[PDB]
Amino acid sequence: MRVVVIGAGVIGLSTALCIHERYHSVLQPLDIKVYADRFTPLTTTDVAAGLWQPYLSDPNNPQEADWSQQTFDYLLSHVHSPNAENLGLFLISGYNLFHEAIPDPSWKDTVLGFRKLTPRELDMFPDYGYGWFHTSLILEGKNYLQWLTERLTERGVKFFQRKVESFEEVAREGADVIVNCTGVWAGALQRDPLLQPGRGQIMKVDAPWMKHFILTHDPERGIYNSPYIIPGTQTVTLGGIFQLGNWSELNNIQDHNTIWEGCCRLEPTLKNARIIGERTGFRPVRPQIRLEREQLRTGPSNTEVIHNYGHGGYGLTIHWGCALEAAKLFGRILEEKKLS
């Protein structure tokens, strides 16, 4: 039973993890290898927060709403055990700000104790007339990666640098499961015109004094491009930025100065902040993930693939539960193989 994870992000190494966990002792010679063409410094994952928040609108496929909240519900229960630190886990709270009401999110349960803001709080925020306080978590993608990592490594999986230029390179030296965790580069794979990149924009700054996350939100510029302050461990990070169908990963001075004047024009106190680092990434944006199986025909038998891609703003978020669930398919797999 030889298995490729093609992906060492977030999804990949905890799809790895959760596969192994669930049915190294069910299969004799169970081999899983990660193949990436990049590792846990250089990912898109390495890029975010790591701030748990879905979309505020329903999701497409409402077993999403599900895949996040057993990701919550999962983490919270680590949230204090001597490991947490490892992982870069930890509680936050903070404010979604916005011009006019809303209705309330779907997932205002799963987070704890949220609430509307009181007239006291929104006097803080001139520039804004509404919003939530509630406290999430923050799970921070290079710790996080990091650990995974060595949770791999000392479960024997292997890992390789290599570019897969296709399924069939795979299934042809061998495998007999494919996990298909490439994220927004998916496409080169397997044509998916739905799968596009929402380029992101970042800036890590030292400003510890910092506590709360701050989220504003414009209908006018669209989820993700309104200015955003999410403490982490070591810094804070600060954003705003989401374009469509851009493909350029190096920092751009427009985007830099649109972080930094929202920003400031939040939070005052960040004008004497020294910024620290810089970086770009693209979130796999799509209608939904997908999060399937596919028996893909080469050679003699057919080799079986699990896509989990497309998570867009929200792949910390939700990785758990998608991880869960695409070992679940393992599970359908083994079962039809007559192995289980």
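If you superpose the two forms and keep the largest set of C-alpha atoms that fall within 1.5 Å, you have the rigid core. Numbering follows the first chain given and starts at 1. First, how it differs from the form deposited in another entry.
Of the residues listed here (295, 298, 288, 63), only one shifts its CA by 2 angstroms or more between the two forms after fitting on the rigid core, and it is 298.
Switch from the form deposited in one PDB entry, shown above, to the form deposited in another entry and output its structure.
Nothing else is written out below except the one chain.
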């Protein structure tokens, strides 16, 4: 009963934990190893603000809306716990700004107190003429990743610093089940032309008077490419850079400018806020998440592979529902093998 999880971002970590809680037994022990090239604070998960917000429009797969709703409901149950702070979990309200009356999102009833913005509220954002206000949740990846690791290490899970070259390399060493949570890099283990980097740049600023998230939406700039302000526990994330096919890990100076000028125009009080840091990450962009089983067609034994990658700009938002689905796929592997 040897299981190897490839990846230590929110995907692999929550998957490892979910499989362990649901399938570990002293009767039938479950050996679980996590192999990863990069760990916290150096994953894509660490670059995220951690705000819960799926895409505005209905997903290519309606199963994704269920996975996001299951994640919200799960995080909402731990929000008023003493453990909440160790997770990087907290409630936050905020604004979604538009230039037109776009349709209501499928998640209007999952979030708390969703409503349209009133005239006086919109008078605060002269560049926008429609929007929403609701209460959502922030799950900060750097705390959540450390918390998941702590809970994994105490459940018997060993962590290994390694760049996996092939699934067959892992299959050869005895892995019965391979959990593929490689994010944006998955194409290195198996070609997937639907998987692309969604290059992102963010600024971390000191603006503690900022109690609300502010997200803007422009068709001319596209998804995740217009100003956003997201207050964290210690700092405020400034963003709004999406570049499909861009693999540059360096901080582009025109992007730094776009972030600064766009966010200051959105919220003039940012102009006097102290810039703390700047980061680049690659969103694992895909028309839909890949969350399925694959029987390896290489080597003398067939190896069971659970793929869990391609969560684009909403991995923190959907991680739990995806972890639970991967655990379901895992139990299906267990039954098909044998009972007695």
